[PDB]
Every structure is written in C-alpha cells, then in structure tokens.
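Participant: One-letter residues, chain by chain:
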Amino acid sequence: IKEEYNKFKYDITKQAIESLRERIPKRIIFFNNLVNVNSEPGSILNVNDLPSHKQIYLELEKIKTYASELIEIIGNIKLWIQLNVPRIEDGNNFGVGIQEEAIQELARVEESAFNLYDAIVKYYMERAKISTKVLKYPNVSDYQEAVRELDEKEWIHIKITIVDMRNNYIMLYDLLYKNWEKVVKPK
Amino acid sequence: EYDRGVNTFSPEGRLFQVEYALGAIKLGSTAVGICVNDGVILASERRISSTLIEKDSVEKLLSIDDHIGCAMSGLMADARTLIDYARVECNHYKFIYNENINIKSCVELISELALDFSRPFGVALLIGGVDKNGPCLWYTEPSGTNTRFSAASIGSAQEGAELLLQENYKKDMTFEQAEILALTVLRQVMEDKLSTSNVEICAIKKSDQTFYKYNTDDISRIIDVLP
Amino acid sequence: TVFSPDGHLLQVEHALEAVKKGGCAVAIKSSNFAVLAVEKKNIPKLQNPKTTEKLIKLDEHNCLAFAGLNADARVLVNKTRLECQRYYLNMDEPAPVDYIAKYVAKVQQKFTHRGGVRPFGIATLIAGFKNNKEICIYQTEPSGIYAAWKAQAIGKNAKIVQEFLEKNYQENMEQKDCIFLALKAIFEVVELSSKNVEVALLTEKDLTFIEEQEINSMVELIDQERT
Amino acid sequence: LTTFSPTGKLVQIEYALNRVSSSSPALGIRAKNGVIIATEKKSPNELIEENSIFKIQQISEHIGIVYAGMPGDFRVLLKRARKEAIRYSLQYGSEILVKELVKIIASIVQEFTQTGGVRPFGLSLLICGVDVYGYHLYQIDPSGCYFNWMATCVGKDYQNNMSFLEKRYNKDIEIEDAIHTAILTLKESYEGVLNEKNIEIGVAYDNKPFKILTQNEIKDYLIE
Amino acid sequence: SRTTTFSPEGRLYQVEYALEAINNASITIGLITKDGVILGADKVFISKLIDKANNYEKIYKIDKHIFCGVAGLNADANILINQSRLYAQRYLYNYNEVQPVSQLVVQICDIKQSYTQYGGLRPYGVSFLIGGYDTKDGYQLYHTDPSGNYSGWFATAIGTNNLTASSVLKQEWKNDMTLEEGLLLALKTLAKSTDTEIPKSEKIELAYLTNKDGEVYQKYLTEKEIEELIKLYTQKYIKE
Amino acid sequence: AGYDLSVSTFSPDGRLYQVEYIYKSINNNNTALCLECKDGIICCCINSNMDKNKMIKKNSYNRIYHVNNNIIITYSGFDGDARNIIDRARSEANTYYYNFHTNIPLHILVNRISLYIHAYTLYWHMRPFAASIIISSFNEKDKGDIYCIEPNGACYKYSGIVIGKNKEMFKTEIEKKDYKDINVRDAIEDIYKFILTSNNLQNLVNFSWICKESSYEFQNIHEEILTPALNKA
Amino acid sequence: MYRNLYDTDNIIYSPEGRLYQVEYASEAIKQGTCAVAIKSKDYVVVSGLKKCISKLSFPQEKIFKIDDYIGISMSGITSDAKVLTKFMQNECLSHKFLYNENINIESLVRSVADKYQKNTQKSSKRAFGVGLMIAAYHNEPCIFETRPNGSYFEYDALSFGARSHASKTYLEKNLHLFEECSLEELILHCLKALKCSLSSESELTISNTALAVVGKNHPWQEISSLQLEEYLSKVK
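Residue numbers (the numbering used here), protein chains in the order written: chain A, 120 to 306; chain B, 144 to 370; chain C, 6 to 232; chain D, 23 to 246; chain E, -13 to 226; chain F, 1439 to 1671; chain G, 153 to 388.
It is worth saying that the hints were derived from the structure and are not from the lab.
Take a look, some chain C residues computed to stay more than 12 Å from chain B by CB distance:
1) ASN53
2) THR56
3) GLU196
Think about it this way: if two alpha-carbon atoms lie no more than 16 Å apart in a straight line, the pair counts; the simulated EDC-like pairs of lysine to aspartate or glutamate are:
4) D:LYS121 <-> E:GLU43
5) C:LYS107 <-> B:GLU202
6) G:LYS207 <-> B:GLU305
7) A:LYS306 <-> E:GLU(-5)
8) F:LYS1495 <-> G:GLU292
9) G:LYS207 <-> B:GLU310
10) C:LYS25 <-> A:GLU300
11) F:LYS1492 <-> G:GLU324
12) C:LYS50 <-> E:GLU158
13) G:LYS234 <-> B:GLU251
14) B:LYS169 <-> C:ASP11
15) G:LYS207 <-> B:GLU302
16) G:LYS234 <-> B:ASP259
17) G:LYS234 <-> B:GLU284
18) D:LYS193 <-> E:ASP37
19) E:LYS38 <-> D:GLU188
20) F:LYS1492 <-> G:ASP308
21) C:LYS50 <-> E:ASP162
22) C:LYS138 <-> C:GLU98
Each residue gets a CB set at the ideal place from its N, CA and C atoms; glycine is no exception.
Excised from the complex, chain A in its bound form:
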C-alpha cells in the first residue's frame, strides 16, 4: 500500500507537467481558433446566425465538452500545488503565500466552469415558464419579445463563457510560469 501511495505522488507530478507543457497550450490555441482576438468589434457578440431552439442546444453541447475538460485538468494541478506546500512554520514562509495565491486562482476558475452546469438547467426552466404564459395569453406581445430576448441573452452568455475560458487558460499558464521556482520547491 505504501508503494501505491508513493506511486500516486509520482503519478501526480507527471500529469501536472504534461498538462502545463502540452494539454494547456493546445487548448489555448483551440479556443482561440473559435474566438480570435484579432476580430473587429461587433463581429463576435451578435445574433445574426440565430418548439425549442435546436441551434442553441448544439452550441451548449460543445460547451459541456469544454466545461468537462477544463475542470479535470485544473483539479490534479490544484492537488499538485497542495502536495508541494512545506510544513507550516512561523516566518520565512513567503513561498506558501505564493502557493496559496495559485490555489486560490485555480479554485476561482473551477467555480466559473462549475457554474455552467447549474446555469444550463436554469435556461430551460426559465424559458419554459414564460412560454406557458404565451400559450395562455397570446396577444400580450411582450411575452414573445421576452422569449426572443432570452435567446439573445443565452447566445451572448455562451460566447462570453468561451472568451473567459480562453483568457483564463493563458492567464493560468502565464501565472504559474513566472512563479515556477516557488511552485516546484517548497521553501
């Protein structure tokens, strides 16, 4: 059992370096290829390309894939940072402060991707209630406009999620790279 546990700490370290040197840069370019930084203003966050809305459904399906892959990568990285904090001591623990800041940012990004799972449930539930009122009150036009505006709202949120995803991926790699010496050594 003692061997299997030590193997795990070794197994973590391997996965962390592989993710930072290959898995994370590849995803940076990947999400960037969908939402390029060089685009002119207004060409991304629009509604020109817009029963249930099957088109939004297909976009959400890709999002769920993106959300799954992000949470899994950071979690071993978060644990890996945890495995390198030295014994708690009074004073000369500047490196744990660097370490704690990194763990804090990783959990923040994790909460962001985690909230997508809850947010998608909210979309279908909220849209359905208003639609029932449209069936009951077909001439109050603001209910139909509310449906339209909701899709426009969800469409914007999908793209803002992808840009925030993209920007977080580069920001995570750049942050760990600068403080790398304190990330590997404990103190």
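Assemble the complex: chain A is given as a structure, and chains B, C, D, E, F and G must be docked to it using the hints.
Facilitator: Positioned in the frame of chain A, the structure of chains B, C, D, E, F and G alone reads:
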C-alpha cells in the same frame, strides 16, 4: 499574543523571548553525558552527511580548559561565543588563583552571559569536569537554570535518551561500564550505524584530572562490544 | 534581531537566502595547491576588468572568493585584510587560513547577535595555508557557521553543483586535472562562455591567475564529452 | 527616521514643503546693482510692535535673509547662520561669501533629514547679498537643496505669484525700478490690498551695507 | 520597514526604493575617449528664472583631476561631494600624491554601504558617474549606486530613460574616439534621451578632462556648446 | 483613539493623559493625613492592609520619614517609588548643607522635590512617579506649613490635607473643628476618632508630631500617648 | 478600548491605576517552590523545599548564604535571583571592608529594594520577578522580604507561592513560636508547616528540604545532611 518586546512578562507569570529559544535547542545534534564515580564521559553525533567535509573541522565536544570539557546544541554559531567566553574566564581564573576553577563557579558564569538584559543565546550545554570534590556534570539552559545532572541528554533526540538513562544508570559504574552505556543510548536514537566516525566520545579521568579525546582507533574497540 | 515563535531567526534566514541570488563560486582542494573558480557576467563592450569582483587576496597565501552581495564584500574584506595584517604584526607570522576563517566567521556572528545592525548578506570561502605546509579550504555562511571542505560551492543553485562535485571528487589530482574538475562545474551558466568563468591556481604559497588562452583549451573539451 | 517611499520620494519632505506653501509670501528679485527682498507682514492687530517681529534679519554686513515658514524656527537656523558667518570670519579675515555660506546652511538642513528621530525644517530661506562676484539670491529648500535663483517667491500660492515675474522682469533692471515690480507682485497678486507700511523690504543698496527700509521710506514707493 | 530589516525575497526595501528614486531624476552621460573622459548633464528646468549662465548642479568637481556628474537627489548629493572632497584631500595630506579614482570610489561607496547596514537611517538617494585620470591606469570612469556596488565602465546613462540612452552607446561608441568626435557622440545620446531632436542649449551641460600633462579639466559655457550643437546638425549621429 | 500610551503624547482635547491615571493609582492605596495646630504639626498615616498579611510586626511598616530633625515626609501610593524621592530629598538637604552650612528651608526644598518628580514626567522612556508626597515643618517663630506634592508637580501650601483612598471623606471632617488654634495633645485623640468612622480596633496607624515644645524637633509616635485612645466617643 | 493595550510595557499605566507589567512579576513568584521561615525570640530557621526536576537530576539549591549572620532563600526565577545574590554579597562584604562593623539588616534591604526600583522606571530593563526572603540576626532576629516593587515587611512567618494559602493558614493559628525558645521545637514547628502544606500524596521530606538556622551564637549554619533525617525528618 505578546511578542514585540524582549523583556515582557506574561499574565501567567512567565517569560516570552526566553521561551522561544527553549524549542530552538531541540534541533541540534544529540548528545549524552554520564557522571560516574570515577569521572565524566560524554558522547555526541557527527552529522557529516556530505562527504566533502574535512570531518575534523566540525566538532561537537570542544574544551573549556584542560580539566573541563563540554557539549553543544542549538545554534552552533552562538555556541562558540559562549565557549570562547568560558575559555577566557576559566583561563583568567587560573591566572588569578593558581587552582583550577570549580564547575559550580564556572557554570554560574556561563549562565550569566545568557542574561544580556541583543538576544538570548539559543544554546544548551553539558559542561562536565573533575575540578574538585570528584567529578561533576552540569547542564545549562538559555533561561539560566543550572541543574547538576548525573546523566542527561541534549539534542533533537534528547527525549528518547532521557528515559533510557533512567532505566540504565547505576551509581557503581566504572569508566568501561558507562562507556558501553554511553553508546547504547546512542544506538537507539540514531539514523545511521555507530561507526568509528559518527561518534566523538571523550572523557575526563579522575586520576590525571585532564580530558582526553577518544580518537578513531580507541573508539573502534568500544563500539564493537554490542550492548 | 529577535527570535521566532517556533525557534528560528527571521533576520538570519532572510540573509542566508539573500546569498542565493548571487554569482556562483566553487573551490576545490588538492595535494599542495587549491584552485578556485567563479562564474560572473558582464555587459559586452563595457566594464573592462569588472574591478576584480572576485578572487580577492588577503595575504601572500590567502585567497578569497566570496559570493552574494558585491557591495557588502568591501566592508568584509577591509575588515579582514586589516586583521590579516594585524595578526602578522602581533605574532610575527603570516596569518594562517585557520585564523582568518575564524575571524570572518566571528565578524558575521558579531553582526547578527547585536541589535540595530543588518547582517552581512554574504557567504564566502577562504582558501589558504595553515601553519604547517597544508591547505584547508574553509567556507563561511552569513549565520556565522564555518567548516573546512575538500570542495565546496556557494551562490545561485549551489546544491546542484555541490551534488555533482560529491560524486567525481578524487582524492589527489594533477594541476590540470584539478582544474578540469573545477571547470566541470559550469552547471550554473548556460553555454559555458569563456568570458564568464574565472579561475586562479593558488600554489606554493603564491597566488596567480589563469589566462583565458588555456581556458579555451579546457572549456572546449567539455562539449566533446557529453556525447 | 524620515524614510523613503515605494514611489521613490521622501514623504516627510513633501509634507514639509506644504508648510511653506501656506505661510506668508516671501519674494526676492535680483538686479544689476543690488538685490531686493520683500515679505508680506500679516499684521494681526496693533499690539504686536513691528520692531520686534521681523522677517528680514542679517547675517553679516552684506548678507540678508528672509523667512518663509515655521516662525518658531526663524531663530535656530539664524543662530547657526550667524555662527557660520563668524567661524569663517575668524580664520579668513575677509567677508563670508554667499556661496560658501549657503552651502553650509544647506548642509545643516540636510543633516536634519537623515538623522534618526528628528524633524525637517519647516521653512524656506532666501539668502541675498553683495558678493565680490556680483550679487546673489539663493533659496534653501527643506529637503536640503539650494537653487541659484534670479527672481523668486516661496510663500503661499507661488505657482501664480511667479507668473508676474515670468512676464514683468528684464535682465537689466535697476534696484529702484525693481521695487515697484516687487510691490506689484505683492499687492496686485492676492489679498492684502491695504498695504500701508505692512511690508518689510530689505535691499543690497548698490554695494553698501545691508539696509532694512523703514516704514516711512517704503511709503514713498507705496503711493504707486 | 527600516533599512536594517531584510525581505523574504532577499532584497532590501530602502536601498531598492533609492534605486528607483534616481530613475525619476535627470540623465547624465559618461564617455571615455582616447584623449580624456567627458561627461554629460541635464539641467531640470523648474522655471526660466534660474541663472542658467553661471552655475549648474549636475556636474561637480572633486579634485583637480577627479570630477563627477551627479544624478539623483540634489540635496543629498552635496553631502557626498563634501565628503569626497575630504577623502580626495586627506589622501594628499597622508601620501603627498594625487588619489587614484579606484581608491576613491572604494572610499566613497563604503560611506553609502555603511548607511544601508546600521544606524537605522535612510540611505543616500544618489548615484553618480565619477571619472578622472591617473598615472597607474590612465583615464577611468566608475559608477556608484545607492548600495555601493561600484563598477568600471566606458559609457553609462543613469538618471531617467537609462535603457534607451545606454543602447545608443552600444553601437555608436568606438574604441578609438577623439575629443571632438566623442563630444558629438555624447551630444546625441544626451538629446534623444529626452525624446527631442535638438538640445535647446539652455539645457544640457558638458565637461571634459583631457590631461595635457597637467589635467586642464575645462568645463563648458553656453556659447562653447553652440559650436558643438551646430556640428550635430550637419553630421547627425542619429538614434539608430 | 488610544492616545494615553506614552507620557509625551498630548490628548487632542488638551489634557495630558497617562499622568491622570496616577491619581487613580494613589486613590486605591493607603491614606496619610496631616494638619496645622497652634503647638505643632501632627501627622497621620493609616495602613489599611490588614485583611491579607496579619504577620508583620506591630511598629514595623512605618511611612513617616524625615530629611533631618525638623521636616517630615509621608507617602501615598507606590511605596517602592517613594523611596527614590526620599533619596533625592535627603541628598538635596545634604547638598544644600555642604554649599550653605545651614538647614535647608522648606520653601526651597519643596520647589526642588517637585522639580524632581516633574522631571521624570517629561521623558519618553522613564515612567513617571506614582507617589504623592506630604512635606511639612513647624518653625519656632512662624507657624507651621504643609506642602503637598502630587504627581506632575503642583506644589501647594495647605493647612490640613488628606490623600489616599478616602480623600473625599476625611476632608469634610477637618473643616468642622478649627484646628488652627487648639493643641496637639487633644487633636491626636480626635484623629483616632475619625479613623473609626471610616475599619477595626487595630494599632495599624503609626504617626508622629513634629512639635509639642519637645525642642521643636521630629519625635516618634510615643506609644504611651497613643494608647489612651477614646475608642467610644 | 481595553484588555490588551496597557499590558506590554513597564512605562504605561492602566486607566484604573495599576502597573500591569509589574503586577505580573508579583504573580511570577507564585510559580516557584514553597519556603517558610520562623522568627523565634533569639533564633530564625528557614525551611526551603527544593525541586527535583528529574530522577537523574539533583535538587537545585534554594537557601543561599550571604554573610555569617545573613542568609536569603529565593522563590521565583533563578535568573534574577542569582543577580541579586551577587549584589547583596558585594554590598555586605564591602561593609566589612570599608568599615569593621557588620552591615545593618534594614540598611541592607534598603539597598536591595532600591535595586528593584532602578529596574522599574527604565523602559529597557524589566523588573526582577523574584520574591526574596532575607532572614538575618543582628541584635534581634528579624525577617525581611521584598517583591518586584520596593517593599519591606518585618514579617514573623511567611510562605512563597506553591501552597502558600495552605501554609499561611497554618502560621495564622500558630503564634506561639515566640516562646518556643527551644531550637528543637522550632525546627519541628517549621517543618510541620511544610508537612501540612505539601502537595497531595507526595514524599514528605526525603532529604530534599533545605534547612538553615541563624541566631545568637549561631552563624548561617546550614543544617547538615545527617542532623535532619535522624529525628527531624522522622517525627512525622
């Protein structure tokens, strides 16, 4: 939390800056000294993990004088300052009075220097000698408490060697009796093997009244008795 | 300078870490000589001699290659060269390396124990001669500790270079062989630039430098040894 | 103990400069045949006799000084200023040069910044006087530095008070003509329009000894 | 906190802020030629009411053969000059000869080093290009910092915009430089550092040593640099 | 906002805190008393510390000190800090005796003792004194005079004054009888009646009178004159 | 704003009027071992209980010696008690050298209590947290004691911090010591105080209770290691 001043007290009647150094002496190398009816025998480790060292420049058993030997623990950089001071006053005593200084009069002056009120010296010693009235062994602390011990231990592993001596010390033990006893307590708390290099025992016999460091050749005949 | 609540010293461990951000310096003992080595950096087409930033002399037979704060070495060397000459005036003998190292260590220790004085953020290594025809390379830290060595290294990432030196360190070497061992310590500065490494061969009680001509003849052989 | 700051500037010095930026306005203007100085004497009432409270004191027979800050500090720096005008006069039989004098007072002010447990001087000086190398009008900063000015003001609201001197000053002005351009820089600058013998004016008086102009003497120039 | 305390990174605080405090000060240029060392300056203009013809506070005189161009706190600069003038004269009083600059910066950086080590006082927010001529090793140009780590050089551009002005001397400087060619070389880096194309001449000051076996050490007047400024117009040793 | 820490810090109100706390320190200690009489100056000192020790000697804890034969001094507050002022008082008399070959007068000693107490208040490192001092004497020609020195100078001439834990109590008892023209032998019996009002029948009140035409010099308590205490009226 | 501001400095005073830094020193003497002294008509006996920190250790000394007729017994920290012993030794020995008479007891404690006073107003030096116990005999055997603040009390019996309350109550009802002129009844009365005030189920007096007597024809004679266990450490 009162930690700014150096001379602040406590509502429970205790010191603060002195108590910080009480835990600092529990990080140095272990040591053990036994005061028998025929003399005083000391022992210590030799953390020479890096083989590039000269192995003779680093020592844990220095000498206060030719009649008083002592151990060290805690801050090795501050331990040499007290030993250098003890080497002055004990030698200054021989210039005034022709007889050798008494340990009771020497440990009391080695403790008054830890009363700088700088900072208190984070070092505990095991001053022993055969000055007069037979052999005596003293153990000082940074707080200034000078308690004469029959067999004590200072170092990072001083807790295990404490109970071992309580179950092994006998008043009618000679030099060769305690010499094996000074190594069985070191064999217990040791992350290595009791070779002919890690141990640096030395003793002060009552006959010649002088100390003699047990060299590499003499300790080999004592570490192989297998207690 | 005060203690810590667990037992360390926040004013010493900070200073000991301050020497880690400095140019590396490696020394190596031999039979009757001791070649030193240091790795510095300079801006091209400017700063011609770097005012002999390393390999400072103290006497006719005591070299010194510090590491760390470049500006804090002047006060350390001037307070040493004065003591190296003052010893020659009071004992009529050129100061042994055992006394200089015991003085440099006492200088740094006198700065951390006192209050209102910043500790010497500089770790050195002194290579000289003892009273007999011997050579013992010492090494002092800002905490005040000091010990002799057969090879030692201090500076930026001194652990990875001291670890390599712990394996292929032979007992007695040749003047060129001992240089090659010290020149195999370019594991700190990438591409092994000849305008970065500086070595001096302290021999027969007379220090001398090493010209860049024979440096290229030895620094180029390392690239044809990794394959 | 007036330490540094992360921006790279002394904070106690910047605070000391605010004190001289809210005191009575001092003004000195050099000329081609002497130097003049002026100070708006804020008379609070008629109880304070004018011959006791002053803003223009002497250092020697050819050196004039002006104060611009903490009135309690208007004497300690003067005592060490006159002492330096004597220590130089004992060894060297001639008169103390202004550049030799201002570099010592600037060194005295400097030592009250680096010393631990002290407070910087809360004033700005204006040393003026006849010298063997022409005339001079220096200004000492609480930081310790000194400037070789030509015409300057150091009191309250000097950002716009110097604007009168940047546009109403020529390189060749006589001392009698510079008096009215100095009074204009005091009366027409801000409040204190009732300037009726409430302004102290010292002059070099064309290489003669330092003369403190009396109230009735200034009255001849106060009519314009 | 105070200067006595260290930092967990290993650096200091008071000596680190002083290194940044001189970055907000006027620039100064150093330059070693084949005839003598020359210096540059930048008179910061608070207003147009300064004398601008008799004095300048960026280049001082240490001895008859040693001179420095200060850059930093003008107030704290006067103390070291009043302290370096004594060491440049106490060496003459003790050894009856001129003092080598290599033995002067060591005597002056130790007075800075002594402040960043004890006393609990603030350091010296000053750094200067001190150069001179000596019989031991010819012309020299040293450079001190608020910490004391002095170092020899050939050309330095401390003050404001150092990295840009120092790069000019990486290419335009040559090993062989005459006195007139060196002045034109140091004139362009002094002007382009302030993002300008030509100096107003009611600005920058220059000095030069050029020992003619007597160490003349002449300074410059506002009219003498006009000829140098005019020569920059025709032969432009541009930014690059 | 916590401005009463050091002694050199002035409160924004204008008062001087950290020195006013000393008055609350002498208000919890034992009391002392003195008063003018037409035959001398009788003193008094009650040591209300009976409930904790009960092992000290009867006439050991004395709080009546004299610089010489004709000036008495008492304490009210920290008994340890008052020893330092007596050392400065006797040394002031001895220094005045060397330079002037005469006994030090009262109006020049009080002004020199008050300066010594006040001098420690001005310092940023030395703590201020915590003891109020009563200085009195009785001239042969002129009548007596009692000077009261509290912390932070303020030397004031009195005619009867009490300082301690009941200063607002015994003050009302002295203004009833005009003690300026009565005697000393009757006032001593009246003083013992006051203590019974405000707390047992114990001989923990040691005190002496400077003048009873007993060469006009500081005597002792004279136990035989103290034992017939009117314990009922 | 209270409970933590007026606590760590020897200069500041509490708003109530108590120097709380010095007040901790008075309580710091209570952590030490017990001690008791009995003042008879012509003799003074001091019973001190040592403290064996370990089985291999030896009991550290408690009762000291200053002169032939003056001997103290500390109760508190050994750091400051040793300093006051040297100050009291150099003071009394100087009196026998500068003059020839012995040093007055109350004139000696006045110098020792003054040593506490000098280490109370300065901000740097702290107060000596140690409860001294000066027992001596010059013409009438008197017993003095100090505290961190300057004090003197010609006590007749005392106690010091370990089980002082259990020991003070025994001495409060035992005031016949003045007529117990026989030294044998005195030392049994003094040892009975410790026996009735020791810790629960501990060893009574197994040769680890220092005893010293002083009197008319008695100098500071430390009670030997044989005269106490023959009958004094055997009566109970």
